[PDB]
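Asks: In case you want the letters, here they are:
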Amino acid sequence: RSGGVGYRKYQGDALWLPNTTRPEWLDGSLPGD
Amino acid sequence: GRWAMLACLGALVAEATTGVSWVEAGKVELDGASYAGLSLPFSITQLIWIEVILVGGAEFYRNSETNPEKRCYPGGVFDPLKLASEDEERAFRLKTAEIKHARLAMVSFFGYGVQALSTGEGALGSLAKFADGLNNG
Amino acid sequence: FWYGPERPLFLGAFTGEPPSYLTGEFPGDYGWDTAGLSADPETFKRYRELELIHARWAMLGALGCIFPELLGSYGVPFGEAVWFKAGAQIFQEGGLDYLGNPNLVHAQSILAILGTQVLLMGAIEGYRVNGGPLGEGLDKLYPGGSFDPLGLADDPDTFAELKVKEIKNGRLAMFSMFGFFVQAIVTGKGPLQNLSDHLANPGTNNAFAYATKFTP
Amino acid sequence: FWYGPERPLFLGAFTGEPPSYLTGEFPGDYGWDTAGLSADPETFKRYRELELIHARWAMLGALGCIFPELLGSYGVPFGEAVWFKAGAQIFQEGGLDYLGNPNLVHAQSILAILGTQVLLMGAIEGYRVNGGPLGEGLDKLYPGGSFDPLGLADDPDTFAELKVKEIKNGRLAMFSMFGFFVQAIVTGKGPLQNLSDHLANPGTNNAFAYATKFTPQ
Amino acid sequence: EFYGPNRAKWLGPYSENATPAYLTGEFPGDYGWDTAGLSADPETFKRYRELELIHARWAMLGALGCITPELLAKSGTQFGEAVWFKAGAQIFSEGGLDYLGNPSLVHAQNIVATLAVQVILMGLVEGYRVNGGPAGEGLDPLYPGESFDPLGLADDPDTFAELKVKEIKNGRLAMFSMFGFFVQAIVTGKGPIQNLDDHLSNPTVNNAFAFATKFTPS
Amino acid sequence: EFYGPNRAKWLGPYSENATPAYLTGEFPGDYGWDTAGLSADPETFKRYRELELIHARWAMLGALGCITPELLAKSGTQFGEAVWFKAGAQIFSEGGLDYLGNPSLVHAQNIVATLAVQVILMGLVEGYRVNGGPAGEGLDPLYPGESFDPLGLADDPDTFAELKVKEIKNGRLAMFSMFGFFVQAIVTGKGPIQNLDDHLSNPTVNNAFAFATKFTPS
Ligand code: CHL
Ligand code: CHL
Ligand code: CHL
Ligand code: CHL
Ligand code: CHL
Ligand SMILES: CC1=C[C@H](O)CC(C)(C)[C@H]1/C=C/C(C)=C/C=C/C(C)=C/C=C/C=C(C)/C=C/C=C(C)/C=C/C1=C(C)C[C@H](O)CC1(C)C
Ligand SMILES: CC1=C[C@H](O)CC(C)(C)[C@H]1/C=C/C(C)=C/C=C/C(C)=C/C=C/C=C(C)/C=C/C=C(C)/C=C/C1=C(C)C[C@H](O)CC1(C)C
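Which chain is which? The protein sequence lines are A, B, C, D, E and F, in order.
If you count by full-length UniProt numbering, then the first sequence holds residues 38 to 70, one letter each, in order.
If you count by full-length UniProt numbering, then the second sequence holds residues 141 to 277, one letter each, in order.
If you count by full-length UniProt numbering, then the third sequence holds residues 40 to 255, one letter each, in order.
If you count by full-length UniProt numbering, then the fourth sequence holds residues 40 to 256, one letter each, in order.
If you count by full-length UniProt numbering, then the fifth sequence holds residues 39 to 256, one letter each, in order.
If you count by full-length UniProt numbering, then the sixth sequence holds residues 39 to 256, one letter each, in order.
None of these hints come from the bench; they were simulated from the model.
Treat each hint with caution, since some may be false.
Unchecked claim - The calculated DMTMM-like cross-link candidates involving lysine to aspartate or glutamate, where the alpha carbons are at most 25 Å apart (straight line), are:
hint, chain 1, residue 1, chain 2, residue 2
1, C, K202, E, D235
2, A, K46, D, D187
3, D, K252, F, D136
4, A, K46, C, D187
5, F, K84, D, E132
6, A, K46, C, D236
7, F, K47, E, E164
8, E, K252, D, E175
9, F, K202, F, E64
10, E, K47, D, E175
Start from the sequences and build out the full structure, keeping to the hints where you can.
Replies: Shown next as structure tokens:
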């Protein structure tokens, strides 16, 4: 059982801005991305 | 990253016992080779030949692997616990923990040196100077 | 409770007052447009933005002025403890000190503090128009995104009444914040001094204690 | 050796008859419910939820009583190395110096300490009931997820005995803290301080010396 | 409201997911909280429902009973030891006691006789409460009614069900606050108004942390 | 009497409706009193019958053992310590714990060796009370049989059922009177006959209100 309260899922990838896009040569295969 | 976080911890544990800051660790053993307050028989000329020969071959053997992933995370003998050797999702968050401890290490060690250039004080001696005036004032 | 047609209005038990264009699906609608400032509904949209930014800057504006006499009278040695004389802390030789401690920020001149100040709010107030690295296509008033981490803005009926709790906390904040400018120019001391003054003498430390202060 | 009817019980080889509702299925099952508190199969779950949280909160507690006084004996100038005197360190002007070091934490306002603890522990015990960004829908006691990073709980076979080792170490720690509260009220000394006095002369520095401590009138 | 699934909870939305199957919102005060789980036996839970309301109604009598000497002694009326954990000890004085200020009042002198009146009066009422008698014989043991509700407040069932929850929430404050009153008197050693007389002047120091070192031994 | 549904109860005429229906009178001591409702589960109630009986059988030994070194001290024979709640302290004296005043008697010296044999053999019987051993294996864990009845008294099962009720009632006296002994001794600090002789001396001052203000807070 679960309940989403006190936080938000954000459906995303946690980039270094809250909303920008990913550069093309970087793909999420590496752990530090 | 791996040299940095192995050095950031070593910049404190060496100070927390001896009281010699990492900045002034040079002259204090140029005269006498000590470690945890116990003397050691090596001249500093002997220390360099031991250093260059030994850590040379490690940095030569590290340059012997040809796979670009296996040059990063070799494992094998270097993973005796076999933690990140299986269970690829469980190994992945282990790898994200090393790079975050790598990125935080390099900034923290670049933190030590710049404030040691200004103040001339070490890792923890330049910490107490900030808490000196912050507590009283 | 504060929405819909059958809501309480600014006159309370009266119902013949509101100027019939508003319906009450927006937080704090009491129909109080007696002078008719916003009968144009497109014009009425621009005030609702303009009230809320006035509401949010005055809520932190009030909290940004209670503390230096709250902390300063109760054991915190500031540089200067009154909010409407606080701007003179930069004038001194040692500069202003955050919480009276000189080895902090320790700002000295004016040629750099407002030099960076107009550029930071030159961007983020312009990010409120559009753009901004926190979210591009969003609502201009209640965007969500990385401004609401806690997820309290999710239950929309509960979210609509937190908006009511955002404006009612804010409308009495703005009404209080105008009250901060008035009693400062008349009396000349900080407000918790005036709290200590009124509890000392309730009858005659009132507004009539200095009603003859502006006599020509 | 640990589950089923061929498990050990609280009386061992001479155990005779355990209670009926203890089948050798769950950890720590030594059949010791002689007063019969948990005959209800629903309420017996609630105590297993409640024994373990007491068990985990007591195993980490024992390294908060033994461990500062132990470091104080080996050359660390603590403010108060004795654990029941440790709260009074915030009311002296030196403040709560972590490890006796002034350039560490240095707490001054005691009401600001728990002023932020309640916001955290409130949000962190409420995560244990439900939700939480770590593990959303998971087990109430053994989630794994990112509470188990190393993966010592991978196979379901070995996972049963680590649950046994969690609770036997756990019940042993809870035994010592019904201890730890008595030996501080009685002696007024640290727990290893009582251990240092017992090794000097055992036949005299035992609890029968304090047998007349609560004598009336 | 206050009943069913959409009612009030114990941890707010945090206890909304985990709630016992026997705690559903039928009875007043079901915030859904049995973290020991000891009420899954329903007739045993029936007894703790009884024990909660009984410990709340006898709470609310002594709730205001421990403050009415204190705020009236300073409001002008003369009292002899108007402190509730010592106001029962006033009978050892040879002048006995006053009911407000006078010996012309009820004027108890000997305490051995006043218990003989005391025990036999609740010897019947507590038996009347559990069995019946002159004030009814066969009604609800938790809400009897017309022999003690003449005023008609308990008539409308949509109003009466809310008055159920109003009854124990005024009592769950009362059961909690006098659990204070015991402890705030053992630790400090004065009346709760006189504790507040220290907390209104100096809130920062005069609180419970000022006496935190009181019970530590040597 | 003391059996059947027509038994007499904990309030007599004020208790014929509050009795839970599982309380019949088939057990010794069933007096219609489960007001807190702790034992609605009968198998749970089965364990509390053991907890009532074993507490009864230890208190009946415990009542007389506090008595016989106190009245017989007034019979002309000194007992070293005449007070019960410091009677354990006399093992640390110069002659140690004499059994009675003769040093040619038991004459206990070493406190560790007293506890040594004690805790090892009490674990056998209190473990043999669970499974069995010398005194039988599959008997009743409450009333085993003629192994503990050397005088043939455990026959005539109607008289034997009468002696069961007389076994717990004399226990419920003793459990209540051992409950008395510890309280008056941490108030007054005297043996219960030494408390009795002074209430026999002056009954007016020597009520329970003699030290009502003894534990006042400051
Ligand atoms: C049924 C009676 C009832 C009446 C008559 C009112 C009327 C009012 N309500 Mg309302 N309410 C009433 C019931 C209720 N109100 C409310 C909730 C609210 C809210 C939240 C608010 C109001 C506000 C108002 C005001 C709206 C008009 C205004 O702003 O006047 C303003 C103008 C005046 C009052 C004239 C001033 C008269 C004064 C004597 C002039 C003084 C002269 C100067 C001293 C001279 C200057 C000297 C110079 C030269 C130095 C007005 C006072 C608003 C308000 O008060 O904002 C400030 C407001 O925000 N009401 C509730 C709860 C739902 C009610 C319950 O029944
Ligand atoms: C509502 C109309 C009203 C107006 C315009 C005034 C204005 C005045 N009062 Mg009066 N009062 C008014 C009602 C009341 N007053 C008082 C009690 C007092 C006292 C105790 C005192 C005054 C004083 C003053 C004077 C201002 C100080 C000064 O130096 O004057 C010179 C300045 C001017 C004449 C500038 C005129 C004001 C300017 C045009 C702005 C005003 C704009 C509008 C009035 C709208 C403002 C908001 C409205 C809705 C309230 C001035 C005569 C003081 C005084 O006499 O000192 C000399 C003083 O001590 N008043 C009471 C309580 C019974 C009132 C009841 O409603
Ligand atoms: C066959 C012999 C055997 C006996 C007699 C026991 C007996 C016991 N085991 Mg078991 N075990 C035995 C075999 C084994 N046990 C275990 C594993 C365990 C575990 C893990 C545990 C037990 C526990 C227990 C206790 C259960 C009830 C209790 O809490 O008593 C408590 C009451 C008494 C012992 C009597 C009263 C205490 C005291 C001796 C009286 C002395 C009087 C004071 C000096 C007076 C103080 C003065 C005033 C001020 C009051 C009891 C000590 C439990 C335990 O440790 O409880 C603490 C427990 O957790 N056993 C194993 C391994 C498989 C065994 C192997 O054969
Ligand atoms: C929750 C666990 C906890 C416990 C049991 C204690 C108890 C203690 N604190 Mg501490 N504290 C605890 C957490 C905290 N304290 C403090 C802040 C302080 C201060 C400022 C001081 C203390 C002091 C003390 C000591 C009082 C001496 C004493 O009790 O006499 C001897 C008697 C005993 C040790 C018996 C204790 C057993 C306990 C009563 C039963 C255990 C169950 C508890 C009721 C559960 C705790 C609360 C529940 C509801 C969660 C004692 C070690 C004082 C001190 O150290 O001076 C010498 C002191 O000045 N504490 C904070 C920050 C707000 C805490 C965070 O939660
Ligand atoms: C109709 C009259 C009648 C009354 C009033 C009672 C009364 C009682 N009988 Mg019953 N009986 C009665 C008829 C009969 N009884 C019995 C046979 C029995 C038996 C065998 C037993 C009882 C028991 C009881 C008690 C059960 C409830 C309880 O636990 O009390 C709880 C409530 C109180 C004791 C009153 C509260 C005390 C007072 C307010 C406290 C004093 C305050 C101090 C000054 C200070 C307090 C400290 C502060 C500071 C914290 C109760 C006292 C049981 C018993 O013996 O319990 C003692 C029991 O075993 N009765 C028979 C023969 C069939 C009866 C014939 O009619
Ligand atoms: C099972 C059974 C069976 C039968 O049949 C019946 C019976 C008998 C009833 C039962 C039994 C039971 C029991 C035994 C119980 C016990 C418990 C315990 C003791 C717990 C502890 C428990 C304990 C606990 C929690 C504890 C915890 C602790 C802590 C946190 C601490 C903390 C701290 C520290 C670090 C130190 C510092 O200085 C401070 C503080 C802060 C103070
Ligand atoms: C629910 C639950 C659930 C889960 O699961 C588990 C658990 C946790 C266990 C649970 C909980 C519980 C609780 C909390 C309880 C509490 C209670 C109380 C506190 C009561 C009080 C209670 C209290 C009370 C009665 C009190 C009362 C009082 C009184 C009458 C008073 C009297 C008086 C007066 C008039 C005055 C004068 O001058 C004197 C005197 C004489 C003094």
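Asks: For the pair we were handed, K47 of chain E and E175 of chain D, check the Cα-Cα distance against 25 Å.
Replies: holds, 20 Å
Asks: Between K46 of chain A and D236 of chain C, is the straight-line Cα distance small enough, at 25 Å or below?
Replies: Not satisfied, since the Cα-Cα distance of roughly 52 Å exceeds 25 Å.
Asks: Between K202 of chain F and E64 of chain F, does the CA-CA distance stay at or below 25 Å?
Replies: It holds: about 11 Å lies between the C-alpha atoms, which stays within 25 Å.
Asks: If you draw a straight line from the CA of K202 of chain C to the CA of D235 of chain E, is it 25 Å or shorter?
Replies: Given that 25 Å is the threshold and the Cα spacing comes to 39 Å, the pair is violated.
Asks: CA of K252 of chain E to CA of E175 of chain D, is that 25 Å or under?
Replies: Roughly 44 Å separates the two Cα atoms, so the pair is violated.
Asks: CA of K46 of chain A to CA of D187 of chain D, is that 25 Å or under?
Replies: Within the cut-off at roughly 21 Å; holds.
Asks: Below or equal to 25 Å on CA atoms is what counts here, so check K252 of chain D against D136 of chain F.
Replies: holds, 23 Å
Asks: Would the hint linking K47 of chain F and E164 of chain E be met if the CA-CA limit is 25 Å?
Replies: holds, 15 Å
Asks: Against the 25 Å threshold, does the CA-CA distance of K84 of chain F and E132 of chain D hold or violate the hint?
Replies: Roughly 60 Å between the alpha carbons, so the hint for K84 of chain F and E132 of chain D is violated.
Asks: Given the hint that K46 of chain A pairs with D187 of chain C, test it: the Cα-Cα distance must not exceed 25 Å.
Replies: Given pair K46 of chain A, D187 of chain C holds - Cα atoms ~11 Å apart, limit 25 Å.
Taken one by one, the earlier hints fail for this structure at numbers 1, 5, 6 and 8, listed in ascending order.
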